[PDB]
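K.L.:
Each chain, written out:
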Amino acid sequence: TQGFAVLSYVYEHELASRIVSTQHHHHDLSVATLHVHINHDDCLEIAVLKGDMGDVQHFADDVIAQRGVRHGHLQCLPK
Amino acid sequence: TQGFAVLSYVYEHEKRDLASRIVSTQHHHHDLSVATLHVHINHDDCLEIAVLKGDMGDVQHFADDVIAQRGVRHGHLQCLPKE
Amino acid sequence: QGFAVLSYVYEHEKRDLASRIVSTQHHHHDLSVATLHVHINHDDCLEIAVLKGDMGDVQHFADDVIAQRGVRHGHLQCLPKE
Amino acid sequence: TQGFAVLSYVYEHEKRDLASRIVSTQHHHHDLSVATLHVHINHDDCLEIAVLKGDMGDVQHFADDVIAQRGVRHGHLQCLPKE
Ligand SMILES: [Cu+2]
Ligand SMILES: [Cu+2]
Ligand SMILES: [Cu+2]
Ligand SMILES: [Cu+2]
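Chains as they are written, first to last, in the UniProt record's numbering: chain U, 50 to 63, 67 to 131; chain F, 50 to 132; chain V, 51 to 132; chain X, 50 to 132.
Do not rely on the hints blindly, as some may be mistaken.
[To be verified] In the DSBU-like style, the derived pairs of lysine-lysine whose C-alpha atoms are separated by at most 30 angstroms in a straight line are: (1) V:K131 with U:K131; (2) V:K102 with F:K102; (3) V:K102 with V:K131; (4) V:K102 with V:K64.
Simulated from the structure, these hints should not be mistaken for laboratory data.
My request is simple: use the sequences and hints to build the entire structure.
P.N.:
Given below as C-alpha cells:
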C-alpha cells in the first residue's frame with residue numbers, strides 16, 4: 050500500500069539533532085516538516101510523509117518510540 | 050518599523066552542535082518566530098525556512114546571528130516591512 | 051491555553067469549499083500560527099494548520115473547518131497547556 | 050542545472066480566482082512543487098512560501114509566472130542550484 054501520512058510530535062530540543073538525523077535516514081519518505089517553537093523548552097513538529105505505508109510505520113517508530121518524544125500521533129492516508 | 054520576514058538557510062544536520070545551536074537561538078528569540086519549514090534536500094543537507102515577525106531591526110540582528118554560525122550556508126533574509 | 055494541529059484533505063478546484071476554508075481561517079487569523087500545504091494528487095490538497103489559543107475557541111474554529119461540505123479526513127490534535 | 054528554490058509572495062485571499070490559479074499551477078507542475086507554507090498574516094493578506102525542486106530554468110519560469118499575476122505582491126525567488 051502507498052500513500053501519504055502525517056506524523057506529529059512534541060519534544061524538548063535541548067534530541068532535535070537526533071530526530072533530524074532520524075528523518076534523513078528515511079529522507080525519500082519525507083516531504084517536509086513544519087516546526088513551531090511552542091515555548092522555551094518544547095518543540096512541535098509535523099512531518100508529512102509519502103510512500104509505502106510499511107516504511108511509514110518504521111519512520112514513526114524510530115521517532116515516536118524514542119524517550120523524550122511526547123504527544124506522538126500518526127495519521128495514514130493510503131491512496 | 051514592524052513586519053514579517055523569511056529567513057532561509059542550508060546546513061549539514063550531522064555537523065550539528067550547530068543544529069542544536071540553530072534551534073536553541075530560535076527558542077531564545079521565540080517571540081520573533083512564527084513557524085519554520087524544513088526540507089531534507091539530500092542525505093546530508095537541510096533547507097530551513099523560518100518565518101519571523103516583529104521589529105525589522107530585531108529581525109535583522111537575529112538573522113545575522115544565525116547566518117554567522119559556521120556551517121550555516123545560503124543564509125538569506127527577505128524582509129516584508131508593514132505597508 | 052494551548053496549541054492544536056488541524057489536518058484535512060480537500061479538492062482545491064471546489065471553489066466554494068476552498069473559499070470557505072481560507073475565509074474561516076482568516077476570520078480567526080489570531081488563532082492561526084501557520085499552515086503546511088502538500089499536493090496529494092491532481093485534485094487533492096493536504097493541509098496541516100497549527101493553531102494557538104483558548105482550547106474552546108480553537109476547537110470551535112476547527113469544527114467550523116471540518117464541518118464544511120467536502121472537507122475529508124479532518125483531524126484535530128488538541129495540545130492544552132502543560 | 051538541477052536544484053531547489055524558495056519562492057515567496059503575498060496576495061489578498063479574497064482574490065479567489067488568483068488563489069485558485071496559484072494552487073492549480075502548483076498541481077499542474079506537481080514535480081516542481083515540494084510543499085508550501087501559508088501564513089494568514091492579517092484578515093486580508095496571505096504570505097506563501099513555496100519550496101520548489103527541479104531544473105533551474107523550469108523553476109524560474111514557474112516563479113516568473115506566479116509573480117507576473119496582478120495582485121501578487123512582494124514576489125521573491127531564492128535559487129539553490131545543486132552543489
Ligand atoms: Cu523548536
Ligand atoms: Cu533535514
Ligand atoms: Cu494543493
Ligand atoms: Cu491566508
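K.L.:
Which hint numbers does the structure go against, in order from smallest to largest?
P.N.:
Those not satisfied come down to hint 1.
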